[PDB]
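Below you will find one chain, with nothing else, as structure tokens; this is the form deposited without adenosine-5'-diphosphate, and questions on how it binds or moves follow later.
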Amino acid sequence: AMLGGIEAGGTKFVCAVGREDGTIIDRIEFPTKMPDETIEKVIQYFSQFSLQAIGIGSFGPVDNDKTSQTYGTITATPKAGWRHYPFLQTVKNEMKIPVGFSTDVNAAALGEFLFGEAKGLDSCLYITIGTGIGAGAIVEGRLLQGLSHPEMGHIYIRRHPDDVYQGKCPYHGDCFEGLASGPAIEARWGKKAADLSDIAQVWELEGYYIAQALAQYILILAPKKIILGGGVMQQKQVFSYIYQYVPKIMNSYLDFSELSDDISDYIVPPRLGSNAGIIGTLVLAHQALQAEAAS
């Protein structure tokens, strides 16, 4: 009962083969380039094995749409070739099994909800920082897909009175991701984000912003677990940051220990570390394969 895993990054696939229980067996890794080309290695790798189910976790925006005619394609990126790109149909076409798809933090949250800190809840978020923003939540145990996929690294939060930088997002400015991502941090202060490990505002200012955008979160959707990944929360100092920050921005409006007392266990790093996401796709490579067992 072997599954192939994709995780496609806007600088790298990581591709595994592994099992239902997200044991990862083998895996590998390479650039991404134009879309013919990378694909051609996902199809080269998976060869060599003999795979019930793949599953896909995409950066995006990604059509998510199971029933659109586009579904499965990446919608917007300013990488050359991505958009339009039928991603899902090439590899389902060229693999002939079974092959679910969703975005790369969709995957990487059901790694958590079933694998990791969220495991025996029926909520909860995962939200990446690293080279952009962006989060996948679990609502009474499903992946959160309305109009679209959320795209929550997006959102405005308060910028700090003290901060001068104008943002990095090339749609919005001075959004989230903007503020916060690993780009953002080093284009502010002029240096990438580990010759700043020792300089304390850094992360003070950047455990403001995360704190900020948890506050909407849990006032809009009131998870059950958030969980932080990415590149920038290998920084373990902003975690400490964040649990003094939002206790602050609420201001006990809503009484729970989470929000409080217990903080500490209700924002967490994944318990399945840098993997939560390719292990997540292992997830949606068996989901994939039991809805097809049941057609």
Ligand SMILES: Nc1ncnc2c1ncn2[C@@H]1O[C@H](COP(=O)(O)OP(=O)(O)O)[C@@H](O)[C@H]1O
Given for the second form:
2 protein chains.
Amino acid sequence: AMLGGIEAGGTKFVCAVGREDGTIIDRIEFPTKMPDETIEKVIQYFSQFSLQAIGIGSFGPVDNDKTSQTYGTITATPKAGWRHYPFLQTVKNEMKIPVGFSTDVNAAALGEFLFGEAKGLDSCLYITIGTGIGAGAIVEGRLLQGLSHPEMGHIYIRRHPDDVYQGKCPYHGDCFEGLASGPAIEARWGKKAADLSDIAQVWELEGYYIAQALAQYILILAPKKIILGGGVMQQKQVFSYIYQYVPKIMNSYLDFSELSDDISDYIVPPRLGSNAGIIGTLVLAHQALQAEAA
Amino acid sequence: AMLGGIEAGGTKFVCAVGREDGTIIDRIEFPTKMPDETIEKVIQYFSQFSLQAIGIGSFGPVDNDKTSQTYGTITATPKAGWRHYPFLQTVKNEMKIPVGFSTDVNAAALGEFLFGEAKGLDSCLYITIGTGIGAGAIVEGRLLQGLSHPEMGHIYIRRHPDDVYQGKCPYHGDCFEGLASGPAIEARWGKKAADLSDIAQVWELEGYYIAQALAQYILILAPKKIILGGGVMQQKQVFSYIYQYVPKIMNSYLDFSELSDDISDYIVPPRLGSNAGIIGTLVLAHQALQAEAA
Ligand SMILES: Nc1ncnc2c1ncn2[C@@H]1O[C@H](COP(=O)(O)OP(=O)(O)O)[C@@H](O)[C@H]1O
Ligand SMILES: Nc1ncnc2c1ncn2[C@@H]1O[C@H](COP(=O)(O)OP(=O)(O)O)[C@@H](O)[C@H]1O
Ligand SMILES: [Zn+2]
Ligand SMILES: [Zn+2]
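What does the same protein look like in the form deposited with adenosine-5'-diphosphate bound, given that the last one was the form deposited without adenosine-5'-diphosphate?
Let's see the whole complex now, leading with the same chain.
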């Protein structure tokens, strides 16, 4: 079976064709514009191929409750045209094959869970740190989907007492995303994050904030592997700060090697690199195919 | 089938006999002392009855990984004799019937999930606020058990800027438990919490801290019902503060009635009152019985 994947982002769309084992056969990308024109490009790209199912990993928040009238829509976004657009249903109507749906970060979690750092485990957490901060979690082999999908980027961690930055988040100001996203780093220090790579205090601070968030996730969810991706995490030096800070914050409370001596194999970059998300959309496609047949 | 339950606490043990539908037939309690003598009382109480299975809901942290060599032990505690005592195995050796094991707060979650405020849902979160703070979560109808059971009481929420109290927690100082447990309230204000019922600012502050914790849990786990029990939550006025503060902290980020207009039916006291835990131990017993037969 050939499967289609759509990783829908605020800035670009990535579409791919691939197989259930996560092999990417072909891909394309294009800028995100209004939904009708953007989706028409998707349909035109897939028109070349004979696909059995598609999966969509979308920027959110989204309505990921399959029982909901608004399932398969983006529920909050400043991007023009996208909130409440019938994203999933338009792709189902055009393509006439099964279509899976999830957040983009859920897709990345599935990619690492099946083919990456969590292969063989029954739990993991994938976090991206880029334009925003978001996370997807697998619990007992299934994506975590409660009242909502998680919005773990918006938790309120403690400000560093020397950090004077007010925060980037339009909703909360200095939530984790507001303090530690790519744009927050840029707004705080006055240059883009990639151009601050030689300024240690930038990454100390970023590592401190990420470590505070991870301690909360460890105490609440206790995932068996934590995978950190996104633009900001291309600054690999951040990991060393995280590994120093997490044990200080937890202060020996939970006696596991993952959280102390072997933390460097617990909190890791994605095995699939920057492709975890798009590969995960193929998993969503395969799931949707199997569910239709059942 | 008659089932036995053991709710093991730091101060007292509660033992009960009951049925799979959560009916309590009989109960006894006694102070927690050293483990051999305490467990001998358990065995002597159950000796009267013909039981098919037992469930243990223990104060933790515990090792709740069934594949672990140290499964069914308490892994951290200042109480003399308890850390690493073979609690589960001693009860299995003496009783010679199936024995279930979990944290005490996991038991309370099961009680409310089957017989209480979450009956009919597939997700919930039970939090106790007493001598410590702890929580158990049900996800897709099963207790959440990752690398560890959750230790949600120890997350680091933001101090109120006018609160000068250093915090009660021996590990973290001013983690949620350190700021908002019963003993923290007493140490901060100089009287026991029950004797401060007429001092509004005590409960404003407590509501503010609990609300901050709940916002984090909502963003990370997104449970479909939040149940708040424990000694401190006998001060029912705390709920009204929580209902005012949660929406301010979230600032309309997640559009669900549970988090706004209908928050008073989302964050609730236990339907089972102070018996959620002991009833939950009967559910652990029934589970252990069924698992043996399978
Ligand atoms: N190599 C890098 N090092 C540090 N920051 C980066 C790097 N690449 C991108 N960024 C920053 O990360 C953010 C973009 O995140 P990214 O994961 O690339 O995309 P998006 O989150 O929009 O899908 C921007 O703030 C950008 O400046
Ligand atoms: N009715 C009450 N109102 C406020 N605080 C209470 C009340 N009862 C007990 N407390 C406080 O809660 C803590 C005890 O918690 P509780 O849930 O009764 O027991 P435990 O956590 O030890 O099982 C103590 O700090 C106690 O002073
Ligand atoms: Zn935010
Ligand atoms: Zn603590």
